[PDB]
Amino acid sequence: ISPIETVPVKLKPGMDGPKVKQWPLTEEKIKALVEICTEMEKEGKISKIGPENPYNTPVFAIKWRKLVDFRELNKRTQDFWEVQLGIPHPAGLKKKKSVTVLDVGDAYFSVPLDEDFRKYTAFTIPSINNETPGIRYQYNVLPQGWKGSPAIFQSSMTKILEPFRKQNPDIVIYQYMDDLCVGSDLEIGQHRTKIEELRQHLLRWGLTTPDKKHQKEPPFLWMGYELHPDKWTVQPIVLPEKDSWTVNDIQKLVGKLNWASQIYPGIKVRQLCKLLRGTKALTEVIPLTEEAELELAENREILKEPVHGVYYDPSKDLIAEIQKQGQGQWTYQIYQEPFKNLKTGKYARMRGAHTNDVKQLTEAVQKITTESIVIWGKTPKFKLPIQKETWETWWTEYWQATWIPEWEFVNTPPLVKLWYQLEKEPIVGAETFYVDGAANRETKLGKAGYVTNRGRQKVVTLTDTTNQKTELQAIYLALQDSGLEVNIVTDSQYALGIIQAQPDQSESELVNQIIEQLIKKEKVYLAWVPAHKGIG
Amino acid sequence: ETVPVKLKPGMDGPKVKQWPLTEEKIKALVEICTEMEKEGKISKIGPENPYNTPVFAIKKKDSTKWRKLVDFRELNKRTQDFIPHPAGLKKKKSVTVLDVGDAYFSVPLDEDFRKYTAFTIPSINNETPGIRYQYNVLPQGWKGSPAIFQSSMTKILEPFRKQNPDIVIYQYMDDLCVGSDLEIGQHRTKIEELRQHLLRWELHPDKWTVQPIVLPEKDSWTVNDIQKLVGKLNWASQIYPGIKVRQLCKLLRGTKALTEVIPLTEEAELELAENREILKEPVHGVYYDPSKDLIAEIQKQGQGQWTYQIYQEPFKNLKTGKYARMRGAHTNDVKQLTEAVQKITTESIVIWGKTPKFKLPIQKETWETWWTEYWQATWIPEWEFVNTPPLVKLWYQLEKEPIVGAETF
Ligand SMILES: CC[C@H]1C(=O)Nc2ccc(F)cc2N1C(=O)OC(C)C
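First to last, the sequence lines map onto chains A and B.
With the entry's author numbering applied, the first sequence covers 2 to 63, 70 to 543.
With the entry's author numbering applied, the second sequence covers 6 to 87, 94 to 212, 233 to 440.
Don't read these hints as lab results, they were simulated from the structure.
Ideal placement from N, C-alpha and C gives every residue a C-beta, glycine not left out.
Worth double-checking, as some hints may not be accurate.
[Stated by the list, open to error] Simulated crosslink set (DSS-like; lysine-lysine; CA at most 30 Å straight-line): (1) A:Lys431 with B:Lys431; (2) A:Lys374 with B:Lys20; (3) A:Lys101 with B:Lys73; (4) A:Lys154 with B:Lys20; (5) B:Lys20 with A:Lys540; (6) B:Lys65 with B:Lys82; (7) A:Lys13 with B:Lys73; (8) B:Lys22 with A:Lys353.
[Stated by the list, open to error] Here are the computed distance ranges between Cβ atoms for each label pair: (9) A:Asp324 with B:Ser117: 29 to 37 Å; (10) A:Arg356 with B:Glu28: 32 to 40 Å; (11) B:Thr139 with A:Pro345: 27 to 35 Å; (12) B:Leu12 with A:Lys166: 40 to 48 Å; (13) B:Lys65 with A:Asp177: 32 to 40 Å.
[Unchecked claim] Sample of chain A residues with no beta-carbon within 12 Å of chain B, all distances over it, derived: (14) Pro14; (15) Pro95; (16) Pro97; (17) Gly99; (18) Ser268; (19) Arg307; (20) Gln343; (21) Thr377; (22) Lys390; (23) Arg461; (24) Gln487; (25) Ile505.
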């Protein structure tokens, strides 16, 4: 019946075909369906069956249109490779003299189904006299909404396009969903001609496409962007305008803005997000504060501006430049020619238990690198706000293996630097503070203090504290009460980690206070010693 | 003719994702695969096959051409079970490794098992669906390939073995390790002789052991000096219970300046002496257990230096050592680490005959996006990413080094 070879399909091991009862349907709904299945049978899409067929699926009606529910069949159907969920990004596309888009929607139903598996798709047309035997059928082609259809259809398209592609090297085809997107750098007449050749080639296999009178118009709306065959733009983003905002409204908005932060610089949600505190219900009406009214306002302005883009030229350099927009926050733009970006983005404030700015820069760099490999199969040359000396100093001695691909320095404030650097050896002439902190773990009552070789001492009692905290507070006190250079001895295990990693940011607000003190000193030497020893 | 290989009971085939590759690597893999399919070694597949094994391309030891490397680790683990280790290979003045992974394409793979060898050449920007294949012939890097061909491999080895019995020949996956005491030239001339036999169808184990730890020795010691010493020794007592810091700590009482000089008690004096002696030899009673996994932990020491320990039980090392980066690896922590893992896995194989599981002081993402760029072996070991404990590093930093070094006028 059909030219294309079928793909052998199976039900997950052990499981069996669907057995769902057919809902009762009104008389006009049954008629509509009775007619659609007379035509579908005629066209060859389905076959009249009804004897030894146990399986069944519910048919529906939404001129009427039928809808079969294969959720159950899908639950019983084997697994397939996967119909890739990773779709291309405009930044990776190439500028083409011509691009045509062929909707191959009905091509779905033009691909045969493993006859061996067709029994499973059986469904039934109800009756008025609920009693009478229903009209039974089954599918001969890939059912709309069935599990295997996307995968099998595309595999089929792949084998059918093989020859054409071989005979036409200068032509790029992209298949996705039920859309063939054909592009090239041939003269428009020659391109139009080759499209027609492709259409008749597909048609030779039973696949239909709309004529030149029906094919879709470039610019094409494709997942947020507007594609022109010579550049791309961003479909303008529209922010509502209401007198009453509910939590849903505010979360939806914050959602939209956050997506825009990527392409647009300066979008902010801090004040809008504040509206979400202690909210008791989704439908709750929160009034915008002045600042949220304002913030909302400036964002509307920013989004008015048109953000255009450019395509990828493989004969040109790929460059990535990075900015630290605030602590933990990073912005980047990848381009080829100065000021003509291919892509831009930012990474949400990276927050953790303890790290440093240089380490974070390093991570931003690798996220970019993974994204670039995917988009361009190449790695950008990097222009980073950090001096070579700074990198060489930090990396060369950090405890963890780290790297940054070829890069060059770009002096664009604020630069990424080392906020402090613990001394390598004890400091001659600096007061030496022996610190200690202890707390009852259960009563959460403790004491933190020190004694210095110069005779300075202090102790403070704390309540609702932990042991870890008294120890760290001991260190905090020493830093507060000492001169510009200080030596500090501690048996705290967490200080041992500070010595190794020398973090400039942390979760612990106490550690953060210590860090601020550490940064303030001219010289600090931190020394760890085993606890409960004959030391101190 | 094919032996019916099967999966370990209750196990399914590998469904591992293909990581993204550079453009260069993709072009290369496509060629390589077009050729293999011509030659009937692999065949394109349908979507009804849901299994996958990552694949990638390398350029091992000098080569203006790419080699295809497949990561069958997962598949190997799910594959059923089926020669022991030449205890003396470890004792040969010199070993040389050979890539005999080509022998395998000379044999067909059980029909019903090929589905599990499915792999996918990715496409740039997803502008195209991956190119899927599966093997028809025994694939390089799979654990069954060296077994199912043992028969034919041994067969081709006898005449050479039974010709030199002053040479040990050991096999592991795609490789063959051979060691002899003959001088350098002879060794190689004999190696080539072996390869010639093969065509018809640089290690020196005299260096490896557990390394000696050496405590500082000093004119005068400061409070800080003793403090550091004391913390290292206290940690080390988890290995040698006879190590003690009682006398040293008594010198650490009172609040003296970190830089003040302290005179060592005649007792503390002996204590340091007794300690130095205990550390003169590897701890007693450590033996390899063939039934337990072998562990390999690495620490980054800085300035291109790396220390490692191989053990099965905590603090009971089978071997320990140092690794200094090679030439032109100066700016690449990832290159250095990679190189070290290959060198450590190789010794691991030359000694116990299996690969160890590595504990790596690197962030997972850093390792995953760049390790293949510098890999050169046919095998791939297991690994986990860890945080190095400050003291573990400070301790092994202490191992003794050559007086001058290893001469080579
Ligand atoms: C086939 C040509 C291919 C390409 O290289 N550049 C462009 C440029 C403009 C377009 F509108 C489409 C595409 N192309 C493409 O595959 O786009 C799909 C993801 C929509």
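Here is what the structure says about each hint:
no.	hint	in the structure
1	A:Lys431 with B:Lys431	holds (22 Å)
2	A:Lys374 with B:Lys20	holds (24 Å)
3	A:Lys101 with B:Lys73	holds (29 Å)
4	A:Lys154 with B:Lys20	holds (18 Å)
5	B:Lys20 with A:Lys540	violated (54 Å)
6	B:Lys65 with B:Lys82	holds (25 Å)
7	A:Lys13 with B:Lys73	violated (33 Å)
8	B:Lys22 with A:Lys353	holds (26 Å)
9	A:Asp324 with B:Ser117: 29 to 37 Å	violated (46 Å)
10	A:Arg356 with B:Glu28: 32 to 40 Å	holds (33 Å)
11	B:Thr139 with A:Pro345: 27 to 35 Å	holds (31 Å)
12	B:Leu12 with A:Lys166: 40 to 48 Å	violated (30 Å)
13	B:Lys65 with A:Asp177: 32 to 40 Å	holds (36 Å)
14	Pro14	violated (10 Å)
15	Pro95	violated (4 Å)
16	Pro97	violated (10 Å)
17	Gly99	violated (4 Å)
18	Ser268	holds (23 Å)
19	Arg307	holds (33 Å)
20	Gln343	holds (16 Å)
21	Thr377	violated (5 Å)
22	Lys390	holds (17 Å)
23	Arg461	violated (9 Å)
24	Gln487	holds (19 Å)
25	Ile505	violated (10 Å)
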